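Coming up is one lone chain in structure tokens, specifically the form deposited in one PDB entry.
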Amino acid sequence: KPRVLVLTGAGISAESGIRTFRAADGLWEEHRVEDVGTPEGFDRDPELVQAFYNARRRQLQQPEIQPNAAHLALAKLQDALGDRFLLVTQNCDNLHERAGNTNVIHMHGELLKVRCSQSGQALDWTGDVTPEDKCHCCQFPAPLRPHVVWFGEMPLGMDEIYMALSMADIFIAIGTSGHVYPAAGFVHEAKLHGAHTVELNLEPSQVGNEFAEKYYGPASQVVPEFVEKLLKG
């Protein structure tokens, strides 16, 4: 069985009703990314930033937000390939987990976690973060921040991701925009180490000869059809 590495971005959770980074009007939920997605933004206006992620964390857990056919297909793919499968996601949502995927690498962190601003230790967290909310790891309780990787910060799990990029027989990018690095560079790394590269997306994430195989359309349509084709193949 082939080693398969899957990278997912915002596009896969779009049909589930989760909205992010349109590199068009430059807006995240009618916020400038500088203001809600950088360390400097958090430094300038922590109450705004905490409010923003409070809103995202709440919206994530609303009844109308469900994994879609694409998420389910990836859970089935992991079922079929077992340890020969790795899912890396740029997404901070828990929709892959709800669909049934396990050992998901959240390279940009998780909305349902916060982090101690002092120790850097993460903590499970489903509710709002208020100034009165402090860490569980220090004798003198420290402020908490979202466990989300901001532009300007280092992604998580990169050693493990680059190892898998080397090992992959097949690399699949799903719902990625191609504007966000280093994730957008993963296809180059995969192709350099001999992987067959596949893009499943609404719009091209990259210009030219990198993806050897490509299918475009709604994730809920393109992803299950590729996974089925892969599984019977």
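Only residues modelled in both forms are compared. Numbering follows the first chain given and starts at 1. C-alpha atoms forming the largest set that superposes within 1.5 Å between two forms make up the rigid core. Compared with the form deposited in another entry:
- When the two forms are overlaid on the rigid core, CA displacement between these two forms of 2 Å or more is confined, within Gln50, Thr38, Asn68, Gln206, to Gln206.
- Shifted regions between these two forms (3+ consecutive residues, every CA moving 2 Å or more on the core fit): 20 to 23, 206 to 209.
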Contents of the next structure:
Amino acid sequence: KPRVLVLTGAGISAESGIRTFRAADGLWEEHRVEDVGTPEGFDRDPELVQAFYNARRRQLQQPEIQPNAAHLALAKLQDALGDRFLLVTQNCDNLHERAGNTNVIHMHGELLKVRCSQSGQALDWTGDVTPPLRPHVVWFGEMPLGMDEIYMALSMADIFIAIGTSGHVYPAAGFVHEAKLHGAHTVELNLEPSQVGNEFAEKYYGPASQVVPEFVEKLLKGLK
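How about the form deposited in another entry, since we already have the form deposited in one PDB entry?
All you get below is the one chain by itself.
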């Protein structure tokens, strides 16, 4: 069986009720990235930033937020491939886990974890953060998580699939190039062509809830 590496971004959770970065500004939930998504923003106004992520963490656990068909299809894909499958997500949500995927690499961290910053240790955390703990979230200027295992998988992949990601944020946006260098077949699945879509050998556009189960199903049937 082929080694398959899947990269996901915010687009795969859009239809699950988790709103995406509006590309038109530089705003996330009506906030500037510099203020809520940098270490400097956190130093400058810790209680606003803590409040921002407290809000994101709560919204994540609302009943109307659920895995969609795309999350489920990736769980089925892992079921079929075993250890020849690796899922890397830029998302801080837990929808891959709720869908049934395991060993999900959260290269940008997790909303349901916080970090004792003198510690390097991440701790499970589902409630608000009050009065110094920080969100276990990778901010701009900080090193993404799990990169060693990710780059090893990129060099070994027979198929690399990028789902729901716009190709603006590095190093994740560079994964498609790295995969191609080591001979992988590359696939982009997205609502619209990404900033790096031209690097991909194969591509399909439309809502993830439709496009991803469609691609996964035709991948699985091609196996047997």
